[PDB]
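**Student:** Construct all of the structure, not just a fragment, from the sequences and the given hints.
There are 2 protein chains.
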Amino acid sequence: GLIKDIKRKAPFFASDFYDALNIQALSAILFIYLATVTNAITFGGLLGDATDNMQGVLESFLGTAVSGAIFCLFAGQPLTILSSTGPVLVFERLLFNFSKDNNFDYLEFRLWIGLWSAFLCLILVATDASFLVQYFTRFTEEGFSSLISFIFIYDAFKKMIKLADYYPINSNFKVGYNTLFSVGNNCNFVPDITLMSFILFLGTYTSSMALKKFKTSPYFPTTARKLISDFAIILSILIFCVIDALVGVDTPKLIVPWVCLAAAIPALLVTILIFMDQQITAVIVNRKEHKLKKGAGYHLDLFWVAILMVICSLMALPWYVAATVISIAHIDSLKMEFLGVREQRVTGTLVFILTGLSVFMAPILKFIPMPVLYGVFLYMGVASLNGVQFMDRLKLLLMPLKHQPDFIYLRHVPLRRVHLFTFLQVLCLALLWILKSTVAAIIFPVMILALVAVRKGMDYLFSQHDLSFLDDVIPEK
Amino acid sequence: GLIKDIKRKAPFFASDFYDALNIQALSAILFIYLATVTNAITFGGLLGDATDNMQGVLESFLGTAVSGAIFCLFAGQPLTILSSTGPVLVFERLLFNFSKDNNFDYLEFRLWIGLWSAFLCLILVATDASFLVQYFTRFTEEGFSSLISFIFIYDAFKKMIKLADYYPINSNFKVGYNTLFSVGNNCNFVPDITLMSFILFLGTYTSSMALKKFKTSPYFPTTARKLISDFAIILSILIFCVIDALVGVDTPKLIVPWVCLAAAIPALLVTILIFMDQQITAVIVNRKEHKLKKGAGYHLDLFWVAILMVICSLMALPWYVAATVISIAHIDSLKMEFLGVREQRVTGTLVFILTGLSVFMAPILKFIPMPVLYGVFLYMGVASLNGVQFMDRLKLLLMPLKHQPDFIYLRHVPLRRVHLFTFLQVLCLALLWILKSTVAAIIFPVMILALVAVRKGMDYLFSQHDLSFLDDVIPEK
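Heads up: the sequence lines are chains A and B, in that order.
Residues 401 to 582, 638 to 712, 735 to 814, 826 to 965 (the deposited numbering) make up the first sequence, in order.
Residues 401 to 582, 638 to 712, 735 to 814, 826 to 965 (the deposited numbering) make up the second sequence, in order.
Treat each hint with caution, since some may be false.
Note that identical chains are pooled: a pair holds if it fits in a single copy or bridges any two copies.
[Stated by the list, open to error] Computed list of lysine-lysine pairs in DSSO-like fashion (alpha-carbon distance at most 27 Å, straight line):
#1 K559 with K708
#2 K404 with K765
#3 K883 with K668
#4 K667 with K558
#5 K670 with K883
#6 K558 with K708
#7 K708 with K574
#8 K407 with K765
#9 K668 with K681
#10 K574 with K558
#11 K681 with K500
#12 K667 with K883
#13 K409 with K771
#14 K883 with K681
#15 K407 with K768
#16 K770 with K409
#17 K812 with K409
These aren't lab readings, by the way, just hints derived from the structure by calculation.
**Tutor:** Here is the structure:
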């Protein structure tokens, strides 16, 4: 079982905490704190349909406070961050309407939804959770990484067109006094927030992507160039924090404070997706490209999420599976120069402690504008697909032929097969995009099992292949 | 005289017009048309203090219509563009106040100001106009090129802080009906133009500088990449033209339609600066870096500006000396790949014909926003100091030492002298900056003769020098 997994993760606990005093370890904490407290508040409104008051503190903060805290001590590379996700949210919209017809119970119904689903998860940690060596082999693991990035980028722009529809421009001026507002007439709609917002938003993407490319620019000293190429995101929030302060217009800103066996069959459903989400939020984090790691825990974290599932279910707290875009944005920061990454254990868990400090003099977090935080979402989206192999060939359709690729000797004669392979890979994303639009994400791995099905169709046209995992840069000499 | 100069410029007239059918020759016309009709309208307001009605057409358009037209047929590399400039404008503020105490004559006084100044210019074309080989030798000709660029960039930002002070933000909202405007109360000041304006302005600089750097990016076909890297500026105006159209807020936009001998001594003054402006707006355009040119006319253009001086003086039209930033932005466009530039004669003179077409269905030029045209000023400012030598060393103070310079063997042992030389060159710009602030630009070459004076002070610390002209890239092998 997980005893063979906990045996190799055990002799590293003292080696990690004394590896966490570096300066850039401070960078990733207050960055991802700003990401997580944004990702907490942006789902607290969406989940705020069902669970309305229930406490003198909003439960989505205290939920993600303890759930990552007990996780990211050590959980089999705890570089991953637990938070809430897409499919669990849309399921609870369904389950609230499935319990809107008064099946005697709603929240206590969710208990026996949550309790037996952990029990099914405790059977799955006992039997086997290992699908790596024949299912997720370098196709449809970028093919999901490069699709959940495209949703998270598209979720960024959607959260501002909703902002633009909440702050509508009058678009009729230069005359003067004809747009008085007053239960009034003709002018009950705001000016000049949304035009300010796209300055901050497009700025802090163009700022943050500039200071990361600043690392190669020679026009500053090197040992300070590394210090600015790692504090890049946080002061890009600070620069546009005070530009919001100088320009006296406001904006949205952060503001922080028979029953049982019928509950078996939806617990049969949620233990599928929470299981299936955990692997693909792990196999992209494992990622042999991220060189010189110090362990790979697949069972105990899946055992860890079952432990926190019953304490979240008992206290009416939302179920929390590992992240996919924030974790690959986490471990972007924690790396030297390639020469390995890290194994920092406190940076993964200080971010939940500072999340646990709910107020932390909340006026110090009140004058951060909300649209600058959508920009650092769009930076984490675009930078999440940096090192994937699939983008290096989707930008090869547009690349004319008399140019240089990377790998040698095995696809230089089938040049046309490259253009055929990625077009097949682009083709399956369009299926998964439009099935995400309908109600088919609650059955979540059906866009993964059908996604890995065409990997078996690839076996009918076979040759030598460097289209396989554990092999990213090969010098051959 | 100029007979030896007109003798070599004569055997090229038929060679130029048949050299003007290329596609990128169309690019530079409608770009610089948009620059010149902006530079006409932006001085027509400033000169609009004195000459108020005087015609059913604004005289600043028809002024720059004919004055570049008869010039840029052929005038000794007519790549330069005539327009109005700084020092002539501030002189006419002085002369209007010098004639505000009713010295019997204002406009007809300017006749005998203009007429004898041309007569003094006709003596100076007869005697000698050749100061090259001992005064403007690669120091203080970048030293003026890299200073008039810094004024033109600083003039761009100043024209929007004036725009921001004309459209002031209320900066007090989210409540609602407390800011009614009504001879009213508390709300007689506009919203949401100036926040729109900095989107267009910073955008069309970041857009235009991106599409010029697009030329090296492989992710598009090459023979279309050259077509987009030369239409870069004009459609960057078009892209942000329609973004202004979609976003329904307006902005400022383009909207086009005893006496004699006392007049000797100011005509003694203006024939200094108009003479002195012409050389430094020519020696930066001559520029042996711009390889493989086909002539160098120094006398006949100075004879040409005297011809148009009397027709401008007779019709009450402003005096028009050659440009310094637009001309180096002109000949940026007209170049192949380095491999020479051009000798196009119609592109320099079609731009005044289209300027001469004043209306040209002026509603087709009415919905171009004025703040996108300040952006293409700031692009022409920053790109004017591209190839200067002085910026390549002012960005060497910030460059730490274990790095690569360009030239070999003569300043690699005096590394410290490089840091001393440019600091001396930075020092004289600060003198010229603060003397430009006071009333010392009307005596304009006193910041040039004192500028070339420290070139003689350089002779006391002499060695071998590659700090000299006609020598820019040297392979030495």
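**Student:** Evaluate each hint against the coordinates.
**Tutor:** Each hint tested on the structure:
1. Taking identical chains as interchangeable, the C-alpha atoms of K559 and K708 lie at most 27 Å apart only when both belong to the same chain, with a minimum of 14 Å there against 32 Å between chains.
2. In this homomeric assembly, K404 and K765 come within 27 Å of each other (Cα to Cα) only inside a single copy, at 21 Å, whereas the closest approach across copies is 75 Å.
3. For a Cα distance limit of 27 Å, the shortest separation of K883 from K668 qualifies both inside one copy, at 20 Å, and across copies, at 18 Å.
4. When the C-alpha separation of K667 and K558 is checked against a cutoff of 27 Å, the pair qualifies only within one copy, where the shortest distance is 25 Å, while the shortest distance between copies is 31 Å.
5. For the homomeric pair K670 and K883, the shortest alpha-carbon distances inside one copy (24 Å) and between copies (17 Å) are both at most 27 Å.
6. Taking the closest pair of Cα atoms, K558 and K708 come within 27 Å of each other only inside a single copy of the chain (17 Å); across copies the shortest separation is 31 Å, beyond that limit.
7. Only between protomers do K708 and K574 lie at most 27 Å apart by alpha-carbon distance; the minimum there is 12 Å, versus 30 Å within a single protomer.
8. For the identical chains of this complex, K407 and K765 are intra-copy neighbours only, at 21 Å inside a copy versus 73 Å across copies, given an alpha-carbon limit of 27 Å.
9. For the identical chains of this complex, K668 and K681 are neighbours both inside a copy (11 Å) and across copies (26 Å), given an alpha-carbon limit of 27 Å.
10. In the homo-oligomer, the alpha carbons of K574 and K558 lie at most 27 Å apart only across protomers (22 Å), although the nearest pairing inside one protomer, at 31 Å, exceeds that limit.
11. In this assembly of identical chains, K681 and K500 lie within 27 Å of each other by CA distance neither inside one copy nor across copies; the values are 55 Å within and 63 Å between.
12. Within a single copy, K667 and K883 get their C-alpha atoms as close as 21 Å, and across copies as close as 20 Å, so both meet the 27 Å cut-off.
13. Proximity of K409 and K771 under a CA criterion of 27 Å is satisfied intra-copy only: 8 Å inside one chain copy versus 76 Å between copies.
14. For the homomeric pair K883 and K681, the shortest alpha-carbon distance between copies (19 Å) is at most 27 Å, but the shortest distance inside one copy (29 Å) is not.
15. For the homomeric pair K407 and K768, the shortest alpha-carbon distance inside one copy (22 Å) is at most 27 Å, but the shortest distance between copies (72 Å) is not.
16. For the homomeric pair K770 and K409, the shortest alpha-carbon distance inside one copy (12 Å) is at most 27 Å, but the shortest distance between copies (72 Å) is not.
17. Proximity of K812 and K409 under a CA criterion of 27 Å is satisfied intra-copy only: 20 Å inside one chain copy versus 64 Å between copies.
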